[PDB]
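Visitor: Knowing the structure of chain A, use the given hints to seat chains B and C on it.
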Amino acid sequence: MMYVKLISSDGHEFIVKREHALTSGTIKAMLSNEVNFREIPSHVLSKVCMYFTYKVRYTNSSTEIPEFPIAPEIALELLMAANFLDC
Amino acid sequence: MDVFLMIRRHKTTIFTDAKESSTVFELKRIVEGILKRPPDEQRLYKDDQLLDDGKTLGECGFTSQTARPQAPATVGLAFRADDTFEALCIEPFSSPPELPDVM
Amino acid sequence: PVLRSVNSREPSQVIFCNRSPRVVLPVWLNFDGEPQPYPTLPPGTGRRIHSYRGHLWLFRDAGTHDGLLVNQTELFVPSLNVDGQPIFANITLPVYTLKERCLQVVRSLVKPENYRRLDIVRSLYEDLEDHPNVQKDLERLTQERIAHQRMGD
Numbered sequence: 001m002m003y004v005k006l007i008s009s010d011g012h013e014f015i016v017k018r019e020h021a022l023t024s025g026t027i028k029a030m031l032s033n034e035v036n037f038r039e040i041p042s043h044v045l046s047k048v049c050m051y052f053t054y055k056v057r058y059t060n061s062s063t064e065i066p067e068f069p070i071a072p073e074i075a076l077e078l079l080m081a082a083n084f085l086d087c
Numbered sequence: 088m089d090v091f092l093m094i095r096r097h098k099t100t101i102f103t104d105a106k107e108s109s110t111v112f113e114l115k116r117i118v119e120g121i122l123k124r125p126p127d128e129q130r131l132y133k134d135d136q137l138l139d140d141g142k143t144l145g146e147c148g149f150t151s152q153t154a155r156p157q158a159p160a161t162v163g164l165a166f167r168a169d170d171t172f173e174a175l176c177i178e179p180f181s182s183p184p185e186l187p188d189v190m
Numbered sequence: 191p192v193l194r195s196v197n198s199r200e201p202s203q204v205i206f207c208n209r210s211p212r213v214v215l216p217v218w219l220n221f222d223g224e225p226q227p228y229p230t231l232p233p234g235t236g237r238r239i240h241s242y243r244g245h246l247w248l249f250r251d252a253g254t255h256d257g258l259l260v261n262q263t264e265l266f267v268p269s270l271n272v273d274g275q276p277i278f279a280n281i282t283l284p285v286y287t288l289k290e291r292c293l294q295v296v297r298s299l300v301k302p303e304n305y306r307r308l309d310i311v312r313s314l315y316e317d318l319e320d321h322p323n324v325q326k327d328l329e330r331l332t333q334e335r336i337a338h339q340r341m342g343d
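Heads up: the sequence lines are chains A, B and C, in that order. The numbers in this note's numbering rise by one with no breaks, and the one at position 68 of the first sequence is 68. Each number in this note's numbering comes from the position in the second sequence (counting from 1) with 87 added on. Each number in this note's numbering comes from the position in the third sequence (counting from 1) with 190 added on.
Next up, chain A with everything else stripped away, as it sits in the complex:
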């Protein structure tokens, strides 16, 4: 399918493009249409999806790349989510 569904621990459902989700090696292996993350919260998984669009947009770019912002409060949880997802 063109899109995939990632579900947070608190129930939120994020529909993202399949190619974008493949940015995560873990998700790329989990798919073998929906993926349920019992440990990643909505305020974390929304930033992960934002990183996917960011990565796909700028990875092969000759132009200047903007900073990926990360608020101090989400840094520790995002780090653990990123560590698990291999992002």
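Hint data in this document are derived by calculation from the structure and do not stem from the laboratory. Just so you know, not all the hints are guaranteed correct.
Simulated crosslink set (DSSO-like; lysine-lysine; CA at most 27 Å straight-line) [what the hints assert, rightly or not]: (1) B:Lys98 with A:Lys17; (2) A:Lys28 with A:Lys55; (3) C:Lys289 with A:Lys5; (4) B:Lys133 with B:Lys106; (5) A:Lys5 with B:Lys98; (6) A:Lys28 with A:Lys17.
Reference excerpt, derived from the structure (chain C facing chain B, CB under 10 Å, subset only) [said to hold, decoys possible]: (7) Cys207; (8) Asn304; (9) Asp309; (10) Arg312.
Between beta-carbon pairs, the in silico distance windows are [unchecked claim]: (11) C:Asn304 with A:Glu39: 51 to 59 Å; (12) B:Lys142 with C:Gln275: 45 to 53 Å; (13) C:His338 with B:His97: 52 to 60 Å; (14) C:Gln262 with B:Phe172: 46 to 54 Å; (15) C:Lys326 with A:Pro72: 23 to 31 Å; (16) C:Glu200 with A:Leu31: 26 to 34 Å.
Just so you know, even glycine gets a beta-carbon here, dropped at the ideal spot from N, CA and C.
Guide: Below, chains B and C alone, put in the same frame as chain A:
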């Protein structure tokens, strides 16, 4: 040229991109493919402001300086239950814990 | 000193344009291969600098030594000024991994003495203490140049 969106309704949130010159109607089309709902049965908002299908996303206020990949713009979504369209409802995200004492 | 600047004494006028949100620390590799730090470029600025053909430059974040790109590559080598045309060195942020990006934010917030107080996996503790290092990167690039000097390619 590309605008980055987060189409949101209930606890559902769609991450997609489109051109600044693309129309509100074409966005409803992308939603139809995903949530299986015809454009006529959906309403798209921008901070409680109903959007016209003939308008471009650019005209609606979605620009490269507002709909960035790292900070996508939010588009409200409302479906059609019976004769009346449901009220716009966007479930907020969870709140991060207290900032660690070491930070 | 396999990864070093060639001593040609031929001037090459370069322009260091910092197109990144970071304070950049340009690093010239001397004739003995030692990293030599030059004046820092503020976020957004650019300066016309005098270098030479064959010299080796590398750019990092001035405060954390995070790796940066120069014309998409890791190393910049000033070439011959075709009819006096200044050579452009565009310094940009790479697309860091989300994990690396989080490690940068955490390091910038927590003192190294307090990494062990964070409630994270033992493996992430190691990744935090494994700060970006210029000598380490140089040992890498040197070993890569040595590998190309041994393999056909």
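Visitor: Give me the numbers of the hints this structure contradicts, sorted from smallest to largest.
Guide: Of the numbered hints given earlier, those the structure breaks are 7, 10, 11 and 16, listed in rising order.
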